[PDB]
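Have a look below at one chain only, the form deposited in one PDB entry, in structure tokens format.
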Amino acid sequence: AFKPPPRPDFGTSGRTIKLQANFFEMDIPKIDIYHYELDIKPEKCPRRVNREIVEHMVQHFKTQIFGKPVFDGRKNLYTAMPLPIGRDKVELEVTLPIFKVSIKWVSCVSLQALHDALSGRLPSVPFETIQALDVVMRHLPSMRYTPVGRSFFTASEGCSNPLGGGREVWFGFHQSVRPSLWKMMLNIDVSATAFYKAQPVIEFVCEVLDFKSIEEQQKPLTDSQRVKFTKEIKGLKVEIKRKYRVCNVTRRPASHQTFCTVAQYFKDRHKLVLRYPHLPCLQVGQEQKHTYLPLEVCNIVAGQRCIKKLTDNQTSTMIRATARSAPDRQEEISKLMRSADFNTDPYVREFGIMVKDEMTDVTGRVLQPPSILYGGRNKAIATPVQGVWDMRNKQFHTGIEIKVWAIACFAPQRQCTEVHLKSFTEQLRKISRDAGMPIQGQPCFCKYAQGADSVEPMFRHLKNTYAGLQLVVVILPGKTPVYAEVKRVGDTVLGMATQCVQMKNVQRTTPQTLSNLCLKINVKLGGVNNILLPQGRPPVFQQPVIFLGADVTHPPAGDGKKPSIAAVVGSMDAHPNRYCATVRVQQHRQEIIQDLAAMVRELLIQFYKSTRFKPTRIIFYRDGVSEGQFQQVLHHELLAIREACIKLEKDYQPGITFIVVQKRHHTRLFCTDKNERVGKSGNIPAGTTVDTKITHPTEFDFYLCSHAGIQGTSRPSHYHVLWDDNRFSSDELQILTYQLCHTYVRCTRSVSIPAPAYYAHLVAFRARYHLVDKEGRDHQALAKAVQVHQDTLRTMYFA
């Protein structure tokens, strides 16, 4: 239940392709380095303050200690050669513009043992060793640049990327030390994030309040101006030599604001006559004291990342400033590494480390896509080309016959007229007839409505009046709270199928849009759009098997009380195509799925009810777990799956395959040959697979870019097998995973992650919609909100 399986073999399927990865080979010396535990009293200091302390400490004691050590900003210091210490704590006293620093040797870290672990010699990779190398590579940039996670950001020289609102774009790069089949690798990728400009607060006001210049005007701000400004600068730090954090903007101008007025105080003591006394002051420091700074004598301090959400316009600017095709990104990574010059870094060089300046070459394989079987009389077979196919002259494998349906238009009648609805209905019936999902009649019901209050009574009337009602098509004017209400009533209250459509897609229809629309409708009504060509599937389908997709979605940044949402879906046929969903609310920002055992039990029960088979195997696709959570998550969740089986029957012990899916990492793959690049974005082809060189030295993992890259640089999904009772070969599991990317019903394309994992996202996001403005007695309220109706339980409402 605890240790991941070794790599069974290497894949052999598919034609080869020359790739370049943003991994850079590291040459590590085979010598012991020396680990020391520090202490710094007081120890509530920010991490960067601790780096200053040790930095000054190193030189302020250079003489009979420290004859170029590295430091993690907390508690760990490393040297390439040993110090004079013994094992003794050597408390030092250091002063920086009153600190006690204790230095104690702890262990010897052998880089020799790392070479063995990267080889077949040692069974596993020693974390503490890679942890040390990480501190070596991060030492310099952690003081030179502004750390954000595993990245480093800085104001770009000579350029300025303003966002407005006192914000601008800082470019940066991600850095991480990784073991691999070949060598140690330095993974480098470029990135960009928003920062507040280091400008006078006076000019910060102008951008926030949209003033061309101050003295526009010379009257104290309106309360509406003062409230907007207070929201932006509160929590931000400002400087004079001495730095404060802003907690409040005073109501009264500096001329009147008394504590002795602020204006007066600065006239006598500091001999400063304020140029804009009519403006308020910044209350800084402790909220329960009376320290007020005029705007004129304050600057926003540099290197403060913008945590708040960007505006629509700010986002739009951010996108344009950082959007890059795959070759363009490739060159920006390359240019960065040449200019980075990691080998002159004195700390990197103290530890005798060398970093390759060229991207690593890696050979991938482009897997063949599966054939997609359709229905109708002809039973057409689609052949994905470059990750895409279409439904033209093809009918659904199992198309639904729609006899009873209705339209509910919440768009204004002037904007969405009966003629519009009629034409839309005309075209939709045409497309749906072609697709093998005939809408036999005009809707038995069609009424306009307004507001969220009209939803439930209308839907209740519909359910009571029209027997055999299959669907309600809901027209929406755009972004409106009605949508969430439609889904609350439909999914959870009354248990009725609904398909919403934006007004603009009714006024002006297209064959493609209407086609995609039918894909959702047919699925929602129990249909089967298409299936994998049966004889083209991997051998695993010879026995009953269920495919589980699982994901947790956490609240946005800055949020503190909203629940995390766990969603799990399971296949309900042998194709596989039909899926049922389970969903739960759980603790804030907890990744481990707490109630998984219960959820899997439901899915296993519903699988048997649907197929009359008991799975002999369980394939578990787990999205979004990082390497630092593999053991924790696997321990709880693998056992939870077993628990579900055991509490059901026997002696029922199906083989479990546990696979972690990671779409969001920092590995990027590029075509070496320009003639391999695909489309305008110039990305690697769909099906590109990498399970060598850059992958894990001992464990079963691979990259699979299963989708066509439309824009930017494609994210190759990474798959890591944490458990496998079924003993998959690399070829079978990679093909299986790839084929499951072709079973996503909402489009005739290969998607970036397997359908079950994708559905899990959709289910989680739907639950989040049921919880809008609603997020023991607390838990049960939220739990009921995400609980769907009895009639919705076995449906694909999430489509």
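Just so we're on the same page, rigid core means the largest C-alpha set that superposes within 1.5 Å between forms. Numbering follows the first chain given and starts at 1. What changes on going to the form deposited in another entry:
Once the core is superposed between the two forms, every option in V474, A254, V545, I333 stays below 2 Å in C-alpha shift except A254. The rigid-core alignment places the CA of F195 2 Å or more apart between the two forms.
Comparing the forms between the two forms, the C-alpha position of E485 differs by less than 2 angstroms, with the core used for superposition.
With the core held fixed, the Cα of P370 is displaced between the two forms by less than 2 Å.
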The other form holds:
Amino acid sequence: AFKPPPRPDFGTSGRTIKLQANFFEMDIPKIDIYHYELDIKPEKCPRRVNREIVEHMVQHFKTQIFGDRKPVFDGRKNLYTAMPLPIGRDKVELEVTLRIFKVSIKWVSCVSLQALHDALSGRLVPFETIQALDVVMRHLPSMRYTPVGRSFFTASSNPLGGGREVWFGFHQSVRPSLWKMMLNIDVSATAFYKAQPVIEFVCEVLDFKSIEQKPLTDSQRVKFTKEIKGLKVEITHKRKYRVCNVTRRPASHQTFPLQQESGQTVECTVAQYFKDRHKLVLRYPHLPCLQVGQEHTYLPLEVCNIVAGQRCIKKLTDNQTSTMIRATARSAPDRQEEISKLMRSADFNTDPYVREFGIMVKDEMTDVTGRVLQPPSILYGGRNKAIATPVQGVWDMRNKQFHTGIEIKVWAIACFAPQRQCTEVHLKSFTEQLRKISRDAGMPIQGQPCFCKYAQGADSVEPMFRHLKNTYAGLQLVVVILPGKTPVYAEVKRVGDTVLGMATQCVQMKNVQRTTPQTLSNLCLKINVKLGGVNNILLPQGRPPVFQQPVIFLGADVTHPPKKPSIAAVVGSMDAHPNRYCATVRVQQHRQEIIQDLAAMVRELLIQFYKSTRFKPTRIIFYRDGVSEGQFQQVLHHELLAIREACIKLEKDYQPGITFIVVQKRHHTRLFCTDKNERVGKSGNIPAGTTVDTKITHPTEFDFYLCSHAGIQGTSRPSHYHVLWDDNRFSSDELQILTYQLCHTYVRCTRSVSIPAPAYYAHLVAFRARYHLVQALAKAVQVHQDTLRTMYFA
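Having seen the form deposited in one PDB entry, I'd like the form deposited in another entry now, please.
Below you will find a single chain and nothing else.
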């Protein structure tokens, strides 16, 4: 549990294809970079203020300290120069005025750019050197723009509603590769809060055309409170505050302790205070106040604006993200041009600071040779046992039937849509069309539903389900019908998955009224596996050597709340196909990325594997999603030990080979076809299966990019896979082929997906757990015994 293995070899499988990546080569001098520390006092100022301080400090002290040198600054403590200041070592104390800060500057170290060069060729990486470069490259944009993490944004106009807005910008990061340093540049866009009076913000949040009223009900108040809680407001009557809460009382009645001349404190209303103190009679005294700072300062809504440049963290409404998707989605050729325009306007080679440090960035995207891997054949069952060949990451189930399809003889219908809109004719039409398709799918639904009724309310689910379970023996499935978003789906699943242990397939009302063969076919895919059926398997002989001996495939992922706990989910294969997965899920610490109870979860799965296959896996392949590079050493430490602990806990001399692989979908590397002949679809993306493990990947470690999916919309994100550990000593080809084939085992669609099925299943499990969430939390997530032997999360 320590050091990632070196890259074993380079992949050679698949046909070559010319690509270009949004990585721009950096010509970097072999000099030393000089590193100074900065103690600014006070030391809690926002990074922007620190940058203003440093900026003025440099100019004000030109004659005696900085001269013609252009230093760069990281926003906090670290300042760099391309030439050593006349400091030598001894600390100096300074003053700066916007009002008055005390800055001390003290030489710490020499960042060797030569040490970086040799790390790039081999021997064998100074992180602080990479960081020094990053500080240099983003010094200028950090002042001209609004940095968010590693990106930069500005306002243009592009409303999303609810007080939210779209800001366009770009990601920027310096990355090591073999022989070279790379500048990663990609276009980006995120949600920002519109800068406007809080009054208007209230209208957009509560759907008012005009504010012109009467006190908010308890409902309107908590909606608005949730929206503005934690946001920054400024006063119209230049002061900034933090909104910590919205008062229950209106301004005319909300009071606070006010100390008079005698020293005695009395309660005074916010309305009365703003009248005496500011000659201001409140326009809307019936509206509540923003409680700011910390506990008794209150602000009326009409004297506050939402501070500009506030990024939106909270979950977007389904309509908000939609227009965001639409306004941000661009084809691969389109995105490539925007990056070119960005390089041209960023104009790095004329930036004063990178010129100062003698850095040169190339304005041509890096040429990369990729390899398009051959997809696995998909074996089906039924009469003819047809073999499907994915073309452009897609196949279908025409003239084909399930590997093992479940014959349905007993099933029920629970319509929670009103008979008014979902008529008896609809149900009968839906039922008839569903059965025809299912027949063809190799999952024959014989007999009309044993039961079919209507209902309303989440409170009606269990007694209705208690009913069905007790009276209909052999009951396999309850198809539930819902009208749009509604909290009964969560209730249907909670009762179905955790309490009674019954397979339930929810379906929208609209997909019942108007049925299509493709929709029904996709509905049958989920139904079959939820009854323990097997839709299809990888062509057995079209499999890598890893399947020679008992192996279990794990998919782990932790999802964080939109306070509320995080949810860790780990799934594991239960056969040799591999097809069926058992799920383990835990609630854990809010925003804790590491799976705390991993050892226990892995053990459970290992047992389940042994009871299903009567074999102990000789290898454990672990696909870990949702981990940033800055957390590798930490996650690799506890988690590799955790799964190794599970094996020891099982049996003393049980030591299966573990391959620890992190899967990353959240990065900003893009791959584009050099030949226009290689573009696929209207989106013009790279084909399903192109693999990159050269030039732009890690100089020493085992990592590769694999775009396993076909780009339908926008620009494809090629999934990144970084091997943190590998007892099994995989070759580059066999691993890359393995994860690619695993992307063809996702049962919800006849498509190759962007990440391997176990990783995708892990996501679904943790997210199903969210709906299960309506010490007792750990129980509202614990799932019935009979459902476990099914992929209920499918």
